[PDB]
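Take a look at this single chain in structure tokens; it is the form solved without this ligand.
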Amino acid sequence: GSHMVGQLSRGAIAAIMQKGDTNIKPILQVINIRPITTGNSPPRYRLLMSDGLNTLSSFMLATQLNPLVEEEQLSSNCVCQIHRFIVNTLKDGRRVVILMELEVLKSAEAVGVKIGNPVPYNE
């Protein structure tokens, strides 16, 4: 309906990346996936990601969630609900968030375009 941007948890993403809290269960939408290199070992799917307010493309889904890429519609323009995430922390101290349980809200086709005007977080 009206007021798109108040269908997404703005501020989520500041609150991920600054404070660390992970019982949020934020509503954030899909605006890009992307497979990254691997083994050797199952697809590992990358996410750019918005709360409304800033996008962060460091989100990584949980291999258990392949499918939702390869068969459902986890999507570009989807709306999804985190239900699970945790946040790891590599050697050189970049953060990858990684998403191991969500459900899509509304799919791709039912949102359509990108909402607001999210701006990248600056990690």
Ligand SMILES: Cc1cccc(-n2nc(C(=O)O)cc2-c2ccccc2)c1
Second form
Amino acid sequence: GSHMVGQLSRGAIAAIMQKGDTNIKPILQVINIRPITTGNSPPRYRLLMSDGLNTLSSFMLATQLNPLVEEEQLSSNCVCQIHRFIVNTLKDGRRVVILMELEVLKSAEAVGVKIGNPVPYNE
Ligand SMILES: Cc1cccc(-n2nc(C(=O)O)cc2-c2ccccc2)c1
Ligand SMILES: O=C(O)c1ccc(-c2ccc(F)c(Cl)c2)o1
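Shown: the form solved without this ligand; wanted: the form solved in complex with this ligand:
Now the complete complex, all chains and molecules, led by this one.
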């Protein structure tokens, strides 16, 4: 409906990256999904997600969720609620947000556009 950005958990990206709070169940929009280079492993997917204010490209799907992508319920423009995630920090200091459980609240076809004008989150 009207006020589309009101559908998304504005500020959740900053909260995840600044406070590391994991009890939240934020509602985010998928902007894009792509495989990352794997060799002899199951494929792994990276997501560019939006909370309406920011985008963040450091989301990775737990492999148990791969069927959501491969059967196309999880795709660009869909709106989803994250029910379980963890943050991991690499040796170089970069953080990755691993999505363990999520629910698609609105299909890509039912949303159809990038909501709002989110800007990339900086570190
Ligand atoms: C920081 C971050 C967040 C999400 C995905 C990535 N990422 N993207 C690619 C790729 O192939 O593009 C590879 C990685 C990667 C992730 C973890 C460890 C090593 C490499 C990196
Ligand atoms: O269940 C899964 O697939 C899973 C659990 C944890 C990770 C993971 C993925 C990428 C990473 F970089 C790091 Cl540190 C962890 O993946």
